[PDB]
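Number of protein chains: 2
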Amino acid sequence: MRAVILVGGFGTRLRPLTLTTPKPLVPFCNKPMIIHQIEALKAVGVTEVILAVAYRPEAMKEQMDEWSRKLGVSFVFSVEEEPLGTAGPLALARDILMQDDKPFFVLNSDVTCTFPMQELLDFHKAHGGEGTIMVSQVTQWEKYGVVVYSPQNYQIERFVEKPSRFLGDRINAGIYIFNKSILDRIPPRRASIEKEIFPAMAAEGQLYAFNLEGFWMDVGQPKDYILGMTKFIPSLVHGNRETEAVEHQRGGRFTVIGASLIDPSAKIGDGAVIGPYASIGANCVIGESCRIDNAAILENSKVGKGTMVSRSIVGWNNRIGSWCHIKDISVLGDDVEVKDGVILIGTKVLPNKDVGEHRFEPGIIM
Amino acid sequence: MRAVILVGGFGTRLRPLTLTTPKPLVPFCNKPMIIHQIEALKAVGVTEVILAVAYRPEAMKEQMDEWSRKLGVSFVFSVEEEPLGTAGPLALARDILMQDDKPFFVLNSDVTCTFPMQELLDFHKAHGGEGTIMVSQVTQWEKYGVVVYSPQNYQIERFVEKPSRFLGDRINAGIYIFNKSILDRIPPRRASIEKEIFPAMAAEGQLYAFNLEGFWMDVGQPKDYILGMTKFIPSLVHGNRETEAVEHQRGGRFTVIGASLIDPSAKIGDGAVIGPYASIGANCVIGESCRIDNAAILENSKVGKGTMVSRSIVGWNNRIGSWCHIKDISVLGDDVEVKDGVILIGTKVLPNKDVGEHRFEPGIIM
Ligand SMILES: Nc1nc2c(ncn2[C@@H]2O[C@H](COP(=O)(O)OP(=O)(O)OP(=O)(O)O)[C@@H](O)[C@H]2O)c(=O)[nH]1
Ligand SMILES: Nc1nc2c(ncn2[C@@H]2O[C@H](COP(=O)(O)OP(=O)(O)OP(=O)(O)O)[C@@H](O)[C@H]2O)c(=O)[nH]1
Ligand SMILES: [Mg+2]
Ligand SMILES: [Mg+2]
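Protein chains in written order, with the deposited numbering: chain F, 9 to 250, 256 to 379; chain D, 9 to 250, 256 to 379.
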């Protein structure tokens, strides 16, 4: 059995970070998102993964996906295309899917969860998609705006965008399983599985919902990125090698106030405070008395002594000043450098910039 | 004789347009900037041009520079590198320059002028650089911040940044001519010609200034892009095939208020008003009653009927609404689509966005 991961898309909401690498390859915790999904699929037993590459065709996806050497998994990489929407890549890859009898998985590269994939053995009871429209309970379904009306029969009546009445709380979770006959329904053109194929499947009564018991988060926005990190790190602390601690003696003496993820190659200064649900990338350097409250530090980033970055993301090769505060939901680009004493309250800095001025209001640094 | 054009750099000031293509390849009027410079160099008699390619090593610069088939000129493309500053590429290309007796040109991909290149035959009077630090008279030298003190002996005393006293009005013009011995001075590392090599040359007394009689503009910024286009189009109106008109009967019946540049393949509405110093790209479609006041329309961009874009730049594959107003200095990305009735007053929109809200103040749309 094989899977198909939608690895295209421009990453508009995660723009300051996706101007350098595609959205699937943006490191979540200490690994790319697609790597988490591929690890889950391999744990299931899927050996073949089909990547629908539109953004950065060969510059980034093919080169950086050397993980095929690891993980004992192989990627087809034969869905190179122009932008064909969410559903078009399946129409393009109908040939490589071979239209075999065995169903196939479909995933978005932006969803994080416990990945309960027992929907393979389960939900085979006469479904066009074996519980394909997997749904998660969110109390904020107004702003999410994609509500799935799943009854006890699991037959999807309709899809409602921003419904006024309390039709339901379940929302789409971005994980699907399809019988290959769906390849006949999808036309060879730009289309959206969410707004074209799925309403038709719901009308025909071949669309079935799957309830998600565990946590779920679509980490495709910086705020959702931070909150998904908070939800996810506690699950992964015992999974990996990264008292109230996860990595408490990596460099000198520093304090951890809960779950975190510090790479073995990262250097942490003396008296630093790596706070709860914080990620430190490889080869990263952290100053003496830094405070990484809820921040993600990516790759070869350097943070000076006394800096406090909280609920914020910093790019791959930053050089943060000494006594800075990067607060709120602030995202830094690939090679941003911040001078000492600069305060960034939820400001997004584009790659290859130098910041030397305080910004106390949310905004964008060109 | 051979030239070296510094085609690297991240294009930070032209960021909304340089997130898709490198700064040299950003179309100025109806051609890339580097193409204007290469045409001037070919008019000189220069056959070899060496491009210092750092940004987009092979994705854009090598593929898009198919102009080598045209123009009767050849480019070396042997300076692929990591970011080495403004002076380092010369050290890297020392080997391909062969250290021959003949001098060589140096140019930036951000400058537009009449290109007086008679500085080859002139200024040979015992100069390390034959009038290498070419200077132009600008009354706004304070904000430009690079003032060159050129006396009647043309020996550069010093370089002053934001001078309080009126030392001089001449500023750097970005065109240089060096004897190959300078390759010994430049170290094989990241350096800047403007802030490392040039002060040393001025102190040594081997730096000579060349005055620029004609117009000049560093068009690396959208405001400077628009103003330099205004300065430049009157020079090029008679040069190319694009009463008080330049292209007055291309599509239907429309009015031209002055100099402009309308590509032969562009269809220009019916009753539209293509204003003074306006550029319309190839395959572009213009609505019935548009007002292209001082705007540049790039490539396959479509503009609806009644839209008024003034002193603004639209991207390559835009789809502008019908009754919009894109005023002030506004820059649109590669694939921005604007809904009908939207007003953008000097707002920079990143590529692959959809604009549906009025923005009456300068800002950035992520
Ligand atoms: N292959 C491919 N996948 C896509 C495309 N557009 C979206 N996707 C997938 O859809 C999921 C989420 O969409 P993204 O493109 O990441 O998010 P976005 O950039 O805000 O754009 P949309 O969600 O499409 O409005 C991700 O799995 C994407 O990989 C596309 O044009 N081609
Ligand atoms: N090869 C190369 N050329 C550069 C580099 N940086 C600047 N240049 C050249 O210097 C000129 C103007 O600089 P740009 O980089 O375009 O402008 P910018 O992006 O605002 O950055 P700076 O002017 O360098 O501060 C252009 O000719 C560039 O090609 C570089 O790192 N490598
Ligand atoms: Mg998403
Ligand atoms: Mg410039």
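One or more hints might be untrue.
Because identical chains cannot be distinguished in the list, a pair is counted as satisfied if it fits within a single copy or across any two copies.
Keeping only pairs whose Cα atoms sit at most 20 Å apart, straight-line, the calculated SDA-like set for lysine to any residue is [what the hints assert, rightly or not]:
| id | residue 1 | residue 2 |
| --- | --- | --- |
| 1 | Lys-366 | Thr-26 |
| 2 | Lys-151 | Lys-352 |
| 3 | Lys-280 | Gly-319 |
| 4 | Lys-50 | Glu-374 |
| 5 | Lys-50 | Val-84 |
| 6 | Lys-318 | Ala-199 |
| 7 | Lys-239 | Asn-307 |
| 8 | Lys-110 | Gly-222 |
| 9 | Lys-203 | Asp-367 |
| 10 | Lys-151 | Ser-335 |
| 11 | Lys-170 | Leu-100 |
| 12 | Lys-151 | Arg-198 |
| 13 | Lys-50 | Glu-89 |
| 14 | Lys-315 | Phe-223 |
| 15 | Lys-133 | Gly-282 |
| 16 | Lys-318 | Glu-138 |
| 17 | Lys-366 | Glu-90 |
| 18 | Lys-133 | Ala-210 |
| 19 | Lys-151 | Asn-296 |
| 20 | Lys-366 | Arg-198 |
| 21 | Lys-110 | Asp-276 |
| 22 | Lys-366 | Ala-51 |
| 23 | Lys-366 | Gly-376 |
| 24 | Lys-352 | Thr-20 |
| 25 | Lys-151 | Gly-271 |
| 26 | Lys-151 | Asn-307 |
| 27 | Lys-151 | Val-52 |
| 28 | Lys-78 | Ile-205 |
| 29 | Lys-366 | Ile-205 |
| 30 | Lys-366 | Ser-200 |
Simulated from the structure, these hints should not be mistaken for laboratory data.
### Query
Are the CA atoms of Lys-151 and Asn-296 at most 20 Å apart within a copy, between copies, both, or neither?
neither (38 Å within a copy, 40 Å between copies)
### Up to 20 Å CA-CA - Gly-319 versus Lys-280, copy category
within (15 Å within a copy, 59 Å between copies)
#### Entry: Copy assignment of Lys-203 with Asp-367, given that the CA separation must stay at most 20 Å
between (41 Å within a copy, 18 Å between copies)
### Task
Have a look at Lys-366 and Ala-51 and pick one of within, between, both or neither, based on CA distance no larger than 20 Å.
neither (41 Å within a copy, 37 Å between copies)
### Message
As a check of your reading, is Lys-50 near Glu-374 (CA-CA no more than 20 Å) within one copy, between copies, both or neither?
### Response
Intra 44 Å, inter 51 Å, cutoff 20 Å: neither.
### Query
Within a copy, between copies, both or neither: where do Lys-366 and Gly-376 come within 20 Å Cα-Cα?
both (14 Å within a copy, 17 Å between copies)
### Query
Is it within, between, both, or neither for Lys-110 and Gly-222, if the alpha carbons may be no more than 20 Å apart?
Answer is neither; intra-copy 27 Å and inter-copy 73 Å both fail.
### Task
Tell me, please, which holds for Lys-315 and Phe-223 at an alpha-carbon limit of 20 Å: within, between, both or neither?
neither (32 Å within a copy, 45 Å between copies)
### Query
How would you classify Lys-239 and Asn-307 at a CA-CA limit of 20 Å: within, between, both, or neither?
Result: close within a single copy only, 12 Å intra versus 51 Å inter.
### Query
Between copies, within a copy, both or neither: which fits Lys-133 and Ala-210 at Cα up to 20 Å?
Result: close within a single copy only, 17 Å intra versus 83 Å inter.
### Query
Are the CA atoms of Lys-366 and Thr-26 at most 20 Å apart within a copy, between copies, both, or neither?
For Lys-366 and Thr-26, the Cα distance is within 20 Å both inside one copy (15 Å) and across copies (14 Å).
### Query
Which holds for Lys-50 with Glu-89 at a C-alpha limit of 20 Å: within a copy, between copies, both or neither?
Classified as neither; 26 Å inside a copy, 38 Å across copies.
Comparing the model with each earlier hint shows violations of hints 2, 4, 6, 8, 10, 11, 12, 13, 14, 15, 16, 19, 21, 22, 25, 26, 27, 28 and 29; every other hint is respected.
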